[PDB]
Amino acid sequence: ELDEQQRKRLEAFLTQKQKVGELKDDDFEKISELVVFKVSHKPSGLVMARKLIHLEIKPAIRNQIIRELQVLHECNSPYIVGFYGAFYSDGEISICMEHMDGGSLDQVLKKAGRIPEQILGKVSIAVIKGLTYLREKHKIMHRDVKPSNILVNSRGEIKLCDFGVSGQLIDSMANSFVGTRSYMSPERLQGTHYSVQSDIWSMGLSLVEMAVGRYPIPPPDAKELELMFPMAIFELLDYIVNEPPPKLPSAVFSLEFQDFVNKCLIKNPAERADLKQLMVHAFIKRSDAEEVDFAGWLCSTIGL
Amino acid sequence: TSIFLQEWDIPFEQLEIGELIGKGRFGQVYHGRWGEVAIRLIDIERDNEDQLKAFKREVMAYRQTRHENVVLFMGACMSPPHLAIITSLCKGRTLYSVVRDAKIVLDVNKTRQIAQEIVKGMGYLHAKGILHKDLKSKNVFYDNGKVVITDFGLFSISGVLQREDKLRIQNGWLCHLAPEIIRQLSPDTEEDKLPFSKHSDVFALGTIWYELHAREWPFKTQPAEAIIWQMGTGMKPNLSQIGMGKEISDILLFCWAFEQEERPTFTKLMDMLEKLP
Ligand SMILES: CNS(=O)(=O)Nc1cccc(-n2c(=O)n(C3CC3)c(=O)c3c(Nc4ccc(I)cc4F)n(C)c(=O)c(C)c32)c1
Ligand SMILES: Nc1ncnc2c1ncn2[C@@H]1O[C@H](COP(=O)(O)OP(=O)(O)NP(=O)(O)O)[C@@H](O)[C@H]1O
Ligand SMILES: Nc1ncnc2c1ncn2[C@@H]1O[C@H](COP(=O)(O)OP(=O)(O)NP(=O)(O)O)[C@@H](O)[C@H]1O
Ligand SMILES: [Mg+2]
Ligand SMILES: [Mg+2]
Numbered sequence: 041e042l043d044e045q046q047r048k049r050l051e052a053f054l055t056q057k058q059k060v061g062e063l064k065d066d067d068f069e070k071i072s073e074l081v082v083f084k085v086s087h088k089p090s091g092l093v094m095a096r097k098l099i100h101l102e103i104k105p106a107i108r109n110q111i112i113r114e115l116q117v118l119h120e121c122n123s124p125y126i127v128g129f130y131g132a133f134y135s136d137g138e139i140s141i142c143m144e145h146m147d148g149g150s151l152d153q154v155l156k157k158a159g160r161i162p163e164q165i166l167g168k169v170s171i172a173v174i175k176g177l178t179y180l181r182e183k184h185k186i187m188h189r190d191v192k193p194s195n196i197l198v199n200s201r202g203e204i205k206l207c208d209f210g211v212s213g214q215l216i217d218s219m220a221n222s223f224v225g226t227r228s229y230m231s232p233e234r235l236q237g238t239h240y241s242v243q244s245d246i247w248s249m250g251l252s253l254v255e256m257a258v259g260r261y262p263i264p265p266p267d268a269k270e271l272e273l274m275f307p308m309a310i311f312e313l314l315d316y317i318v319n320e321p322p323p324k325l326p327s328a329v330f331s332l333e334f335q336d337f338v339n340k341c342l343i344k345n346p347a348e349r350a351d352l353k354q355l356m357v358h359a360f361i362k363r364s365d366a367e368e369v370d371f372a373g374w375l376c377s378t379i380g381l
Numbered sequence: 652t653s654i655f656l657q658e659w660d661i662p663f664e665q666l667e668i669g670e671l672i673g674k675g676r677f678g679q680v681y682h683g684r685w687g688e689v690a691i692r693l694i695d696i697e698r699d700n701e702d703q704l705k706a707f708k709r710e711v712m713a714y715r716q717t718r719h720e721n722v723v724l725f726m727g728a729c730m731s732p733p734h735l736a737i738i739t740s741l742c743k744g745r746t747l748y749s750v751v752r753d754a755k756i757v758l759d760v761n762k763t764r765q766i767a768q769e770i771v772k773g774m775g776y777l778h779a780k781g782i783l784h785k786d787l788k789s790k791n792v793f794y795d796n797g798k799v800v801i802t803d804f805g806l807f808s809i810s811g812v813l814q818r819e820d821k822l823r824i825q826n827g828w829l830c831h832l833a834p835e836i837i838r839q840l841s842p843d844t845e846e847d848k849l850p851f852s853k854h855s856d857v858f859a860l861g862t863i864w865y866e867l868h869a870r871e872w873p874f875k876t877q878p879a880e881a882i883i884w885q886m887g888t889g890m891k892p893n894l895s896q897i898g899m900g901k902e903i904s905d906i907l908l909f910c911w912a913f914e915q916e917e918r919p920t921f922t923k924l925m926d927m928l929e930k931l932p
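Chains as they are written, first to last, in UniProt numbering: chain E, 41 to 74, 81 to 275, 307 to 381; chain V, 652 to 685, 687 to 814, 818 to 932.
Derived from the structure by calculation, the hints contain no laboratory data. There's no promise every hint is true.
To be verified - Straight-line C-alpha distance at most 30 Å; calculated DSS-like pairs for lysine-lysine:
1) V:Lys821 to E:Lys70
2) E:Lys344 to V:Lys755
3) V:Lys755 to E:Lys205
4) V:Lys743 to V:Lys755
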């Protein structure tokens with residue numbers, strides 16, 4: 041759990057974050073939309095990403111929010127997006143972070159057809175080590191891993207984002223969005239005690255979705271799996318809870334990968350693989366000692 | 652195609668509009684003067701004749717109501733694309749704020765009385781064949797023992813659900832929705848076609864009863880998807896963790912019953928509430 045080149049890049053990011061000091065609204069000029083915006087700090091030549099969460103509550107709670115958010119200045123990892131500061135402006139709290147020119151794996155998968163197995167191996171290593179970092183050094187679980195919160199860049203780093211550091215921010219958000227893709231673990235859906243095993247389940251589900259190019263619940267019939275190579310929220314959730322978990326097609330994916338996801342997608346979280354079991358799994362031992370030019374595949378596929 | 656303010660039995664000469672009373676998802680609510689009044693301004697599409705005639709159907713229904721536990725509908729003027737509904741102004745605070753005020757004591761007798769007031773109002777509305785469809789503590793007002801229900805019927809015409820392939824869900828909403836409704840929410844769901852009924856209103860009153868005794872909404876800890884699944888399969892909390900007797904919990908067992916036909920009418924519920932200690 042240590043490298044040199046990563047040490048160098050983290051040192052450089054520390055140096056950079058030194059530049060900013062304090063933040064407020066007029067420091068920033070809207071460049072583009074990514081709610082999150084690609085923005086340009088003027089007091090310092092940095093391109094940042096600024097996410098604006100709209101909250102409407104009294105000042106004492108927002109002060110508690112920023113105090114809780116300040117912990118991200120302390121966490122630093124090659125597998126975690128960089129955090130710069132959090133301020134309040136005009137009924138919106140701003141989180142400004144490292145900008146990732148490749149975006150989330152949601153949209154890269156949207157433009158590509160499917161993501162090949164070895165790159166998914168690399169991202170699996172990234173995610174597992176990031177989660178291990180959070181659990182071991184800060185006693186926090188991510189609580190919301192999914193493709194849209196895994197970020198990729200043309201320099202070739204993959205990091206986690208949007209993880210659960212502040213209980214009060216969870217309380218303070220007025221309304222949530224529920225769509226047709228759920229990444230919540232079965233035990234969380236049922237309201238029982240949970241741990242980072244839930245994040246491992248969510249990672250498994252994200253991995254199978256990215257590998258097949260389709261959200262895998264409900265499973266497709268033979269016709270759509272053939273060609274690859307109107308549902309109510311409640312019955313999707315009940316499928317996740319009571320039907321057997323999704324699984325990769327047996328022809329086009331390695332045994333190690335199939336077993337890796339199958340171990341991630343075990344319903345009983347006690348029998349589900351934990352972080353270190355996955356750290357010693359055959360699939361990521363194989364993927365670890367491989368040379369893939371992730372930056373190259375990325376840039377070529379996204380046109381960057 | 653038109654609704655004028657002279658069409659109403661409340662004589663009207665002038666209408667003044669004051670400050671905004673509060674934020675909300677359906678129109679804006681201002682102070683007004685007529687006595688003092690509450691004016692809800694709503695916006696619609698320039699030529700959606702369909703929903704406009706639906707709306708007039710509804711407000712013609714509302715013109716026949718009058719009951720001490722129901723907000724006084726005073727008048728509605730339409731003129732597209734912007735329409736306004738004018739009702740009496742409630743002195744006091746919402747039940748939502750009262751319940752969450754640490755300086756306010758909420759003993760079991762007082763909660764039973766508040767519940768009975770809400771039940772009388774709801775049974776009046778049901779007797780006239782009007783469904784509330786959005787009963788909740790932010791839509792009840794409490795002033796030193798006077799309890800008034802507001803915003804009945806609006807939810808049909810509300811549009812409070814309106818991202819792509821993603822249904823917007825407000826905190827507090829799902830725990831008022833009866834299982835039959837929860838099992839049908841989709842990113843395609845529309846307020847005017849959800850299967851509201853008298854039983855769903857009784858369910859929402861059950862949620863209010865829980866909130867009256869725990870002084871917080873049920874499922875407070877849980878995220879929205881967990882709440883949808885738990886409620887759709889029929890898992891519901893009780894009040895034994897805070898020492899409430901069997902009788903105060905039986906109200907919840909009845910109002911939250913999984914099959915609609917097992918839920919009581921508001922008349923039966925009024926009876927059940929009378930028989931508490
Ligand atoms: C649905 N499950 S849930 O009901 O239990 N709610 C819940 C659960 C898990 C995570 C969050 N969550 C979150 O989704 N986002 C994203 C808005 C969409 C957050 O940004 C977020 C957050 N900001 C944040 C922090 C660091 C970086 I680097 C970048 C960021 F944007 N911080 C501080 C949180 O602490 C949580 C807990 C967040 C909500
Ligand atoms: N630091 C960042 N760098 C690049 N893209 C980002 C960054 N932060 C957010 N985005 C993008 O901003 C968009 C909005 O993300 P977000 O606000 O998280 O909502 P969402 O992705 O639609 N669903 P969710 O991630 O669960 O909230 C996504 O396309 C993200 O990829
Ligand atoms: N007759 C009234 N007297 C006093 N305040 C009122 C009255 N009618 C509405 N309000 C207030 O107007 C504001 C907006 O109410 P409304 O538009 O109904 O949204 P809401 O029910 O309070 N919250 P939401 O359900 O998320 O839309 C709230 O602060 C209400 O308390
Ligand atoms: Mg996100
Ligand atoms: Mg209201």
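Results for each hint:
no., hint, in the structure
1, V:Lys821 to E:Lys70, "holds (26 Å)"
2, E:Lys344 to V:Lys755, "violated (46 Å)"
3, V:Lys755 to E:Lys205, "violated (47 Å)"
4, V:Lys743 to V:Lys755, "holds (19 Å)"
When the structure is compared with the earlier hints, violations turn up for hints 2, 3 and for no others.
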